Amino acid sequence: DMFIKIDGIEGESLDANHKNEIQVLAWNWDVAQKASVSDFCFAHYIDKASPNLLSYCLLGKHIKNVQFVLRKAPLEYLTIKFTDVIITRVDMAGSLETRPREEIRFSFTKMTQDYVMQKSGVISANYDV
Amino acid sequence: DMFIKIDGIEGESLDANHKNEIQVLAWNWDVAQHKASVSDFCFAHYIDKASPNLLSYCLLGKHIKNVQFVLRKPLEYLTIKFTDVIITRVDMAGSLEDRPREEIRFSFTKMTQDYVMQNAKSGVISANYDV
Amino acid sequence: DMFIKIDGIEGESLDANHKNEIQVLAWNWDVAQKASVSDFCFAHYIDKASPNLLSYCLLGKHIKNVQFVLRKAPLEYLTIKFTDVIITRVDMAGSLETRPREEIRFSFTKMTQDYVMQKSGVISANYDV
Amino acid sequence: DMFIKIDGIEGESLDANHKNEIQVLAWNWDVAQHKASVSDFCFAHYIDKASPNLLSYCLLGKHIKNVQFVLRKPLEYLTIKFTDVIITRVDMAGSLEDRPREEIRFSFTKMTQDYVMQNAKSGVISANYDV
Amino acid sequence: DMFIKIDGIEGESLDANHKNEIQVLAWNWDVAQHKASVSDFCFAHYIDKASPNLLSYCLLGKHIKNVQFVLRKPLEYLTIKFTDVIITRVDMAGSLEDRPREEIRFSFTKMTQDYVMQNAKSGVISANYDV
Amino acid sequence: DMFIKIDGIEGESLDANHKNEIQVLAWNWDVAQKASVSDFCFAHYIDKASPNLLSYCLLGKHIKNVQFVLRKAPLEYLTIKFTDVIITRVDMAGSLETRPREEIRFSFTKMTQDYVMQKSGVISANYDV
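Protein chains in written order, with UniProt numbering: chain A, 32 to 64, 78 to 117, 121 to 143, 146 to 167, 173 to 183; chain B, 32 to 65, 78 to 116, 121 to 145, 148 to 169, 173 to 183; chain C, 32 to 64, 78 to 117, 121 to 143, 146 to 167, 173 to 183; chain D, 32 to 65, 78 to 116, 121 to 145, 148 to 169, 173 to 183; chain E, 32 to 65, 78 to 116, 121 to 145, 148 to 169, 173 to 183; chain F, 32 to 64, 78 to 117, 121 to 143, 146 to 167, 173 to 183.
Hint data in this document are derived by calculation from the structure and do not stem from the laboratory. Note that CB positions come from ideal geometry on N, CA and C, so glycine has one too. Worth double-checking, as some hints may not be accurate.
What the hints assert, rightly or not - Non-contacting residues of chain F with respect to chain E, defined by C-beta distances greater than 12 Å in every case (computed):
| hint | residue |
| --- | --- |
| 1 | 32 |
| 2 | 50 |
| 3 | 56 |
| 4 | 62 |
| 5 | 64 |
| 6 | 111 |
| 7 | 115 |
| 8 | 117 |
| 9 | 128 |
| 10 | 159 |
| 11 | 161 |
| 12 | 175 |
| 13 | 182 |
As the list claims (entries may be wrong) - Partner residues aside, some chain C positions facing chain B, computed with beta carbon under 8 Å:
| hint | residue |
| --- | --- |
| 14 | 59 |
| 15 | 62 |
| 16 | 79 |
| 17 | 125 |
| 18 | 181 |
Just need the whole structure built from these sequences, with the hints factored in.
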């Protein structure tokens with residue numbers, strides 16, 4: 032299970048620990064070679093958050109915190128937290146065979162990546183621009 | 032179930048609530064921030092009653108006042128309404144591994162997107181935009 | 032069933048209503064953005093019309109009328128008629146698994162697109183350069 | 032069944048009517064009008092008796108007088128004959144998911162294409181062309 | 032079975048002989064002669092204990108003294128050891144059709162490659181190279 | 032069965048007639064339009093020859109003769128012999146599902162291509183730069 036919590040933009044997950052967050056279907060992020081850091085990318089079904097992701101994109105409205113979480117099917124073993132997020136792309140599509150989905154890309158000035166070991175410690179990275 | 036209702040251009044859906052609109056097979060649309080860059084709306088349908096009218100409006104650059112696109116579960124949970132539409136592309140194709150189909154792309158000056166929530173509606177979340 | 036009737040260039044269909052016309056296997060056509081109108085494209089097996097499509101292509105010989113028809117498997124629900132046609136490409140290929150086929154592209158100065166409703175009216179478009 | 036007979040370069044077909052010609056696995060050729080632009084004729088065969096001769100003629104730019112390509116149902124229903132041929136390309140390849150094979154492309158100054166009709173022949177329709 | 036042991040960056044393999052190293056899912060590396080052009084070494088692993096450290100070293104341009112990559116049948124038949132490594136790329140991705150994974154590419158100033166032969173070891177064949 | 036014998040660089044085939052040569056998994060070569081002659085290309089599993097192909101590549105060390113042979117599954124029906132060979136590329140990769150493999154490309158100043166007919175004669179080609 033994968034979830035993303037976006038300040039001011041609710042989704043519709045019915046998970047007990049992530050109520051009203053966005054269920055993530057796919058994601059990616061990369062960093063190359078002072079480094080070149082790409083937009084963070086996720087996919088979700090078109091849902092409650094969709095019209096607000098579109099507005100925020102179209103306006104360049106800033107989002108204070110975003111939190112992305114991966115859970116084993121129930122340890123939340125990976126957490127990435129982002130600051131000063133800007134929604135930079137919204138891509139939607141559907142066909143006749147599940148619901149339509151949308152891919153979102155966003156920028157950020159800071160991040161923290163926490164990985165949780167087992173129950174042992176935590177290993178972490180962060181970055182700033 | 033997906034429908035598009037285009038002013039002046041009837042389709043041939045036999046759905047009770049969408050009689051004579053166009054049944055949509057697939058669609059896509061995007062927006063990116065380098078003012079947003081907003082793509083043409085794209086959809087596919089079988090070649091039908093609407094096709095020759097769509098081809099004319101395209102060839103002539105003829106404006107269309109209102110277009111309404113709807114997805115349904121049976122809740123109509125997403126509606127996108129576009130204003131002042133111009134048909135920018137008509138691509139048709141068929142093969143023995145079919148009915149032939151056609152992709153339509155179009156311009157617009159404004160749009161509204163409404164997502165409708167329901168509980169076991174409660175409400176609608178909306179966005180709108182204007183060139 | 033799909034058929035194309037080309038002035039002066041017979042095919043070998045044994046259909047009762049389209050005797051000696053060309054059976055079409057695939058086709059496409061597109062129009063974009078005064079519009080940009082592409083060549084009309086069809087595929088057929090290499091047949092009686094093939095050497096004449098090749099000659100006409102190689103010479104730039106003009107063809108007065110071409111008629112393309114789609115039939116439900121028997122209403123002829125779509126008709127496209129073209130004027131002043133030029134054969135602009137001939138592409139042939141085969142393998143070991147049905148017969149070889151050939152793709153033909155042609156230009157035209159005019160067209161009429163008739164769609165037939167049911173039995174009701176007709177809706178039509180045309181264009182000229 | 033597909034055969035190519037190339038002057039001076041025997042293959043190893045064991046077909047009765049095409050003894051010692053080259054069996055063809057695939058081919059293609061095209062012509063487009065921007078004088079027509081006419082592509083090299085292309086075919087594939089297994090690496091065989093003809094291959095090292097084909098490779099020599101290519102390397103040397105050696106002219107070949109006549110090449111005859113035939114498709115058969121058993122009516123030989125299409126024949127293309129080429130004149131003054133130059134081998135412009137030899138690409139060979141093999142893998143454990145085989148016999149290795151080789152694609153050959155060639156130049157020509159003239160060609161004739163004959164399509165033979167039969168009823169339950174009646175005739176032939178032909179085209180020819182000359183650089 | 033494939034392992035990579037990276038100085039200062041533990042993984043979480045539970046293999047007896049490679050405890051706390053990184054299990055590798057796929058890799059690639061090449062060298063071409065136009078001094079040879081030598082590519083970054085590339086590998087993939089599941090997102091694990093090593094990932095945030097790998098991401099830090101990348102972001103900072105932090106040098107890593109020794110990296111050792113091993114393939115095993121159970122003979123460890125190929126070992127490549129690299130010296131003075133810099134992490135040049137970190138690409139991560141997940142989907143519902145999974148654990149997410151991550152590709153890592155890295156720089157190096159020297160490497161040694163040993164291939165170990167055995168009979169029913174007898175020996176090792178080696179190559180080494182230095183920028 | 033496909034084999035390649037490289038001067039000074041042994042492989043590990045256990046075939047009786049090609050003991051200690053390199054088992055080839057795939058190969059290709061092409062010649063186009078004085079002709080443009082590509083590098084000869086073969087794939088093999090990472091094996092005894094691998095570290096020496098890498099060294100020779102990295103040094104530009106010359107190899108006097110290379111012999112490539114194809115055998116029916121046992122007539123050796125095709126032989127290509129190369130002179131003054133240079134290893135120009137080494138590309139390795141593996142995954143979780147047989148062993149890793151490596152692709153090798155090499156240059157040469159001369160070659161002879163012998164094809165064996167049946173038992174009849176031989177047909178041959180060669181080239182020099």
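Could you tell me which of the hints above the structure violates, numbers in ascending order? none
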